[PDB]
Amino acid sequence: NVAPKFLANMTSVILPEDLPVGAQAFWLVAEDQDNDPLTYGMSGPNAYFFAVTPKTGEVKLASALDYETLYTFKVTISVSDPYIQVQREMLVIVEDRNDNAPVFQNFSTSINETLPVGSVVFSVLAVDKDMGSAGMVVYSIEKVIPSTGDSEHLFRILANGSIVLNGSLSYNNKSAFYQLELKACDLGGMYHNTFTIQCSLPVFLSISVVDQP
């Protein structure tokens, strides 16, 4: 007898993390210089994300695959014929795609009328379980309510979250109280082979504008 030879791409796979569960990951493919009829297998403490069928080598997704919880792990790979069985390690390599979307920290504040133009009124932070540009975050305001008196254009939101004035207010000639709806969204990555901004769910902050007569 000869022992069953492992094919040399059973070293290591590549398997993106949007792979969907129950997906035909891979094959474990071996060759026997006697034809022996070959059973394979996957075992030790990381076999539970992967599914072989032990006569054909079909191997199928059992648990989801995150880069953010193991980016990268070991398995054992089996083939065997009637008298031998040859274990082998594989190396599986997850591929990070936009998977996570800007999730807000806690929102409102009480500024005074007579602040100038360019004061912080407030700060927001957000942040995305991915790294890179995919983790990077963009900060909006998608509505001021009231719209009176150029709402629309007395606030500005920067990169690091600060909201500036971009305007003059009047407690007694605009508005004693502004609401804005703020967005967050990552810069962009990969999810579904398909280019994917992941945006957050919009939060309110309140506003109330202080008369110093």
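Rigid core: the largest C-alpha set superposing within 1.5 Å between the two forms. Residue numbers count along the first chain shown, from 1. Compared with the form deposited in another entry:
Fit the rigid core and compare the CA positions between the two forms: of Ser170, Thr39, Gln179, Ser162, just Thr39 moves by 2 angstroms or more.
With the core superposed, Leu15 shows a C-alpha displacement below 2 Å between the two forms. Once the rigid core is overlaid between the two forms, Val29 counts among the residues whose Cα shifts by 2 Å or more. Superposition on the rigid core between the two forms places the CA atom of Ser80 2 Å or more away from its counterpart.
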Contents of the next structure:
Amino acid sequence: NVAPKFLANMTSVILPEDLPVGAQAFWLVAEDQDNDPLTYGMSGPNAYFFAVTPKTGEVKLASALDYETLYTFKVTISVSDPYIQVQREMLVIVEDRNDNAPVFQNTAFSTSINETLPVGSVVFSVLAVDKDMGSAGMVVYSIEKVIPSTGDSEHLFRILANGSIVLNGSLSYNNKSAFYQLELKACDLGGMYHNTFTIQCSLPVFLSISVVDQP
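Having gone through the form deposited in one PDB entry, I am curious about the other one (the form deposited in another entry); can you provide its structure?
Partners and other molecules have been left off, which leaves just the chain.
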């Protein structure tokens, strides 16, 4: 008897982290010089991630993957002819997908500023973080809404790429507004999730700005 032998590409497999439980993950494939019928299996502490169809070598996902928790792992794979069992290690490489949104770190979202604060001043700073890799983890910030809404007020504040909010026009307690509420959003630059290009956005956050009158 000649022992069966896994094909060369059985050393590793790449799988997306969003693969649903129940889906085909990959095929275990081996060859046997005697042309024996071959049966397939998987074992070890990480084998529970999969379910092998022993007759065919089809591998189905049996427990959810997550790049954020276990980005690679090893399993023992097995092929058996009628006479001998042959076992090797396979590396499972999990691919990141865009399954997290930016999350704002800040506890507090209020400040008070003097009405004569010069244009260009930094007024507040926010930070949002996204766990994903690459563009799926790059955060962009936006001012979604300003209250009161004018004409003036839409151009009054600007948020920069590092999360600093700047004063972009002049204030007046008496003649424009004693306050502003800024609705902010953070979004990633997108990536694949559930088989489609996906952009994730935070929950909205609200910054309360009190304007102090100065005579």
